[PDB]
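S.K.: One-letter residues, chain by chain:
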Amino acid sequence: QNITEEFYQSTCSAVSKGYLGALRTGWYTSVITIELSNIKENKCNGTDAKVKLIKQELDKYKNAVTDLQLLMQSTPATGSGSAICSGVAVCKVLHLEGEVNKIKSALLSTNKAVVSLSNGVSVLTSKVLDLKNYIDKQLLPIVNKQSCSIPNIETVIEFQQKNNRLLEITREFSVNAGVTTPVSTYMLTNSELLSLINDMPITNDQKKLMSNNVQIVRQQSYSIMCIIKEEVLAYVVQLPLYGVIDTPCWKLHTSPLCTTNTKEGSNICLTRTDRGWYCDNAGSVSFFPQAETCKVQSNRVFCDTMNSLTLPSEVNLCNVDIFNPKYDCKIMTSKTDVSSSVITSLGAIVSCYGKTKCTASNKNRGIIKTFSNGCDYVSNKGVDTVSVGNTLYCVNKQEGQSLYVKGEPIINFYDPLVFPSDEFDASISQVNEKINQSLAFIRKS
Amino acid sequence: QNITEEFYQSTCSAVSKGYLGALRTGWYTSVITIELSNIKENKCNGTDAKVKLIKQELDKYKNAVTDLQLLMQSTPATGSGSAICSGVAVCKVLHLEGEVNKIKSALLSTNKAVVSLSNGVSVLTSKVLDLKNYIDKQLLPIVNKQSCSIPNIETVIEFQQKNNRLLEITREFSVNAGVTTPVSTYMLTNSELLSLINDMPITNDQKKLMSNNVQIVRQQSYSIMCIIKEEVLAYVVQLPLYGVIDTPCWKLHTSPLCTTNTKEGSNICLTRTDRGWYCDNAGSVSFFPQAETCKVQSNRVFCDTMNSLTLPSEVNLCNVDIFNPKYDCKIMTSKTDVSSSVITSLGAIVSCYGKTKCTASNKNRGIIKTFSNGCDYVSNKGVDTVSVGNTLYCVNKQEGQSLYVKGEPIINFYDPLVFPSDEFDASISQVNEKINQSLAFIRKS
Amino acid sequence: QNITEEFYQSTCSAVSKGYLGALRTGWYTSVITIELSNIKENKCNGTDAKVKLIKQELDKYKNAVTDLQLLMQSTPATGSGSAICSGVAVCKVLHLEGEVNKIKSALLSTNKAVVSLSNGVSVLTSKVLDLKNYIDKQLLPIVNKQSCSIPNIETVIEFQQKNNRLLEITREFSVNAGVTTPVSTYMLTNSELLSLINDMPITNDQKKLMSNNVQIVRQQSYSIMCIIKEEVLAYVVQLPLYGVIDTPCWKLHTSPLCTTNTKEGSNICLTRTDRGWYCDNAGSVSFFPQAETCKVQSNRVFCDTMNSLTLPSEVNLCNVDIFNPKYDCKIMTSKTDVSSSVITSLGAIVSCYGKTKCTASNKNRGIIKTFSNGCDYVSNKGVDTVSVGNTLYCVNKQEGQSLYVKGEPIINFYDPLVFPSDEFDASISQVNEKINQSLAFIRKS
Ligand SMILES: *[C@@H]1O[C@H](CO)[C@@H](O)[C@H](O)[C@H]1NC(C)=O
Ligand SMILES: *[C@@H]1O[C@H](CO)[C@@H](O)[C@H](O)[C@H]1NC(C)=O
Ligand SMILES: *[C@@H]1O[C@H](CO)[C@@H](O)[C@H](O)[C@H]1NC(C)=O
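Residue numbers (the numbering used here), protein chains in the order written: chain A, 7 to 451; chain B, 7 to 451; chain C, 7 to 451.
Calculated from the structure, these hints are not laboratory results. There's no promise every hint is true.
Identical chains share a label here; the pair holds if one copy fits it or two copies do between them.
Derived DMTMM-like pairs (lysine to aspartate or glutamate); straight-line CA-CA distance at most 25 Å [what the hints assert, rightly or not]:
1) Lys-118 <-> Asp-136
2) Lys-66 <-> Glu-174
3) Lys-66 <-> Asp-390
4) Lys-46 <-> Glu-164
5) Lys-143 <-> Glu-270
6) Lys-98 <-> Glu-237
7) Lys-369 <-> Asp-390
8) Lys-58 <-> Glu-298
9) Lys-369 <-> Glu-103
10) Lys-332 <-> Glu-270
11) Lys-143 <-> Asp-54
12) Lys-332 <-> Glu-174
13) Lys-363 <-> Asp-65
14) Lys-61 <-> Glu-164
15) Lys-361 <-> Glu-270
16) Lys-49 <-> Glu-198
17) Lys-66 <-> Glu-320
18) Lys-387 <-> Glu-198
19) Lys-213 <-> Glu-298
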């Protein structure tokens with residue numbers, strides 16, 4: 007809906023609210039088959055140029071098959087094993103006798119079909135390429151006589167086009183040990199992906215979500231290689247199921263908060279930690295510390311709970327009262343006052359320290375705001391760029407309302423002499439405990 | 007010019023000087039257009055193989071267009087938004103009525119043309135592919151009658167070649183949400199890029215710089231997707247403008263500096279921080295902490311100020327006097343004495359501790375130097391490899407002069423009992439303050 | 007052989023044993039040549055469509071050559087220079103007069119041949135593509151008369167197929183500054199790679215190792231561009247030599263170990279550091295801290311000593327007695343008790359703290375184990391998934407024996423009041439020294 011922001015002058019942090027999250031909680035697996043032709047090499051008296059072209063492209067087909075075979079003889083472990091049991095379980099059933107034969111029978115007359123496998127799983131199977139019909143109908147009469155028949159030039163071109171997708175799939179499955187992500191258009195065309203979404207047990211509102219964000223769905227999908235057996239190449243595509251929909255989400259931005267004394271060696275700094283994406287999830291908050299685990303489109307966020315930490319909902323109270331006893335808000339300390347800026351969703355935090363020249367400009371008016379020393383913020387309303395030293399950042403021109411929440415910077419409530427200035431993973435109450443221990447050591451002395 | 011190095015035995019660090027830097031300070035945007043053909047699907051009585059091949063490749067063209075359309079209906083946010091306002095501003099003008107019509111008129115007779123847009127911007131527009139002329143002249147008489155005309159086999163091949171670039175551009179813009187970097191040869195051929203450089207408002211010496219380093223220019227460029235409207239596919243290429251040229255640059259190398267006592271638990275360590283690239287920039291120093299933000303060719307360095315910190319020029323004094331009061335030189339402390347090596351531009355720093363077997367060899371002479379415990383350095387003059395434990399590093403055979411600056415290791419000026427051994431972001435004066443506080447706690451006790 | 011595991015309840019860590027390692031200790035270089043045709047552009051009266059197609063593909067060949075030339079005029083430095091001297095040394099010899107002429111003579115009649123170069127190096131050279139013979143025999147009579155001869159349509163297609171590999175090689179060498187890794191099938195086909203392995207000075211058991219793990223070999227190989235000179239395009243492929251074979255290897259898994267008091271602010275935490283792969287190597291242990299430097303297939307591990315640290319073999323004693331004086335086992339401390347899990351090779355460590363809902367389920371039985379607060383472990387025998395908060399991890403279904411080594415968690419031997427709770431790189435004896443210093447400051451007070 008309406009994206010809003012709140013800059014907290016006291017902690018040098020901003021919160022971008024109003025995003026609707028879609029969290030991955032399940033997987034929907036589907037079998038993608040390619041019917042191949044078991045045609046060991048055949049040699050006939052051949053010289054005409056069309057026959058040579060056919061045997062060359064046919065040799066590229068034979069090698070793609072032996073290569074997928076050496077990929078499946080020994081399958082190297084991947085860093086994705088913790089996210090693919092759903093699909094590996096389908097591949098293990100397919101290796102059973104008769105299971106590849108069932109899908110070969112269901113897709114005998116149609117391209118798409120639901121097939122009830124062993125393990126009681128009603129999976130949706132599909133056949134995106136048919137090389138067995140093409141090689142056996144158009145090519146075998148051409149290489150399985152005493153002397154080769156002459157194929158027309160249209161067949162030579164059509165076979166290079168059809169065989170291409172097999173080769174590109176073989177290239178991707180080979181360089182990535184059978185597990186590819188994102189799922190490319192070679193693994194699944196956009197036309198095949200949307201029809202696959204349409205044939206899923208999800209709400210009509212959920213099909214609209216995935217169909218309008220196909221690139222994000224591709225980036226949160228996996229393609230797993232199964233088996234080459236009985237003239238069938240099968241591989242599993244693991245598509246995301248978003249069990250959490252339209253959940254409130256926000257993004258925390260933090261920047262160093264130092265004191266602005268003029269004598270070096272007398273300044274202390276604090277920075278809030280755990281910046282990133284937060285989403286309400288099942289009575290708790292799902293936090294995403296890595297930056298690439300959440301894709302954003304407009305007001306919408308797509309996260310994977312695979313790379314999240316589960317925190318109590320009281321973690322949001324670091325945003326309204328950082329000194330609040332229900333949650334131990336985390337900070338880091340240092341004496342490292344280098345100027346920097348963070349481009350938020352609707353503005354910019356600027357931490358200006360020392361002699362750094364910090365400013366905010368409009369493209370036609372020029373410099374419209376000069377930051378003094380400390381931590382400050384400017385909205386995107388009327389601002390295009392922000393300069394810190396020799397670096398120019400661009401402000402997001404997204405529509406929304408910014409709110410500047412005035413307050414005394416909390417770094418000023420701390421005595422420099424007893425401050426712990428090198429904590430790398432501390433907490434507000436931890437630092438206070440270090441101050442009580444440094445104050446007991448001076449009373450005693 | 008002449009690359010030189012200075013190893014500082016006192017701080018276990020080396021500085022590689024003599025590089026000439028080219029820092030990105032601006033962007034030069036250009037519009038790249040592809041004229042497409044609005045030919046909704048047309049069906050005629052067709053069976054001949056050439057007609058089938060044409061309709062298949064034509065179907066691949068129709069899907070590439072609907073896919074670029076679903077990419078532009080909802081454009082996902084990227085981590086590059088802080089670096090692309092220059093190009094997003096051109097796309098927003100193109101969405102105005104009449105603006106795509108202007109560039110369609112300027113490139114009616116020629117491929118390249120400067121076009122004055124709204125917003126007073128004289129951008130250089132180009133038309134690298136013409137599918138509207140080819141489909142409407144060679145293909146439409148073939149599918150827009152009662153029965154399809156038979157196209158010759160040369161047309162079938164020429165259309166698969168021309169249509170290919172559209173498909174590869176669609177693949178890259180789709181998997182990357184409309185923003186690609188580096189800019190591939192599909193987005194812009196080397197022939198098109200060099201002619202685009204030649205037609206820029208830069209010095210003759212600056213065109214020679216970018217033309218001789220096209221791969222680095224590609225790696226520091228962005229390709230942004232604009233709009234598909236009125237049979238025109240437009241996308242913006244953002245090329246770097248190096249406002250800083252031939253500026254002095256240097257690279258700092260640091261390695262842990264420990265004491266070499268024989269009893270474990272009695273050794274302390276120090277390591278200089280902020281290793282990376284430094285360049286003189288507008289009265290200050292631009293520091294690049296990330297390693298991949300600066301590309302090196304010979305004596306030349308290409309950095310992006312987007313990922314830099316602006317530091318006072320006194321930061322260079324950590325290299326000549328680390329105990330110097332004008333700048334608080336930063337260090338890290340530990341008791342972690344593991345042997346390691348750093349390959350510098352003209353030699354190697356070796357931090358040898360414990361029982362580790364450290365050496366420097368020549369390919370035909372063998373081991374020519376055995377390092378004892380502590381931090382040392384060897385030039386590339388006569389040295390090919392350096393071995394630390396079970397690891398063999400290769401020495402850069404670049405020509406230059408190395409200078410070994412002798413001095414007492416500063417770790418020896420510190421008493422172990424009161425040393426702070428676990429600081430992760432400290433400073434020379436900070437550590438001295440921790441020593442004064444630990445010395446007041448023992449006087450008191 | 008048999009993969010086994012040991013979970014140590016006292017330190018919240020697990021060790022996966024039984025892997026056989028293959029460590030890279032050497033390089034085997036090979037020259038890959040492509041004979042090109044020096045045919046500056048030639049123009050004849052041309053209009054027929056086959057001639058146009060030939061000149062278009064020929065123009066793509068001419069540009070691929072000028073592009074490889076601008077790549078070799080100025081070669082940008084790469085982060086791989088410390089691992090490629092073996093191949094750069096072959097390129098420097100090839101630039102000598104007569105050296106490219108020798109390999110051009112040895113591969114005049116055959117595709118593969120061993121060639122003794124200057125520098126006494128008996129390298130294996132190969133010629134994977136012949137464009138000089140094809141252009142000069144099939145194309146030059148077509149563009150080097152007064153008017154162009156008409157080539158048959160088979161030649162037009164065969165030239166687009168042959169020229170393709172040159173263009174794909176030019177694309178990869180251009181975007182990566184002459185050094186590519188992994189080595190793609192365009193640089194070296196699987197058929198060419200296996201024949202290259204077969205012709206190497208290695209044991210019959212070592213050829214079987216590399217031939218059965220070609221994708222891992224590709225990922226641990228480099229392709230380096232040499233020179234374009236006298237109608238010859240040469241580039242060096244650096245293949246790994248595994249000097250260490252069948253060496254014992256193990257993987258250490260660590261998870262935070264906190265106390266489980268009910269009052270926040272009274273809990274302390276410890277986590278073992280240096281998680282990753284360890285292999286016995288030449289009387290010491292080769293440790294691999296980065297996760298991507300070791301590829302695993304079944305019981306087998308493939309590491310590169312380029313990114314390893316050499317540690318004494320006593321480092322294994324942190325696994326049986328962490329309080330052991332022969333090695334100072336490393337830990338990190340905090341007060342950061344967030345629940346998490348680590349999927350091991352044969353089970354899962356679960357660090358459950360606070361109100362987090364931690365469990366282990368079987369697909370058909372449901373929740374079979376509920377973890378209480380502290381650090382615990384569950385084997386893969388009967389367990390499919392493990393849930394921590396809102397995150398579901400998948401358990402590896404690999405066969406092996408797990409051993410739960412019971413013991414009191416060592417975090418309970420520490421008094422909270424004097425514990426150092428913010429160390430980021432500490433050691434067991436270091437922390438004890440901080441406790442002795444905090445105990446002297448309270449006796450004194
Ligand atoms: C520090 O001492 C004050 C004084 O009584 C007390 O109120 C506060 O709770 C103490 N802080 C901690 C973190 O124990
Ligand atoms: C530590 O004490 C000495 C003794 O007077 C003083 O000279 C020095 O400046 C002090 N160091 C710091 C960092 O305050
Ligand atoms: C701390 O003091 C005890 C008491 O004598 C001693 O045994 C121990 O070795 C000391 N620890 C360190 C790390 O010096």
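S.K.: Could you work out which earlier hints the structure fails to respect and list their numbers in ascending sequence?
M.R.: 3, 5, 8, 12, 13, 17, 18
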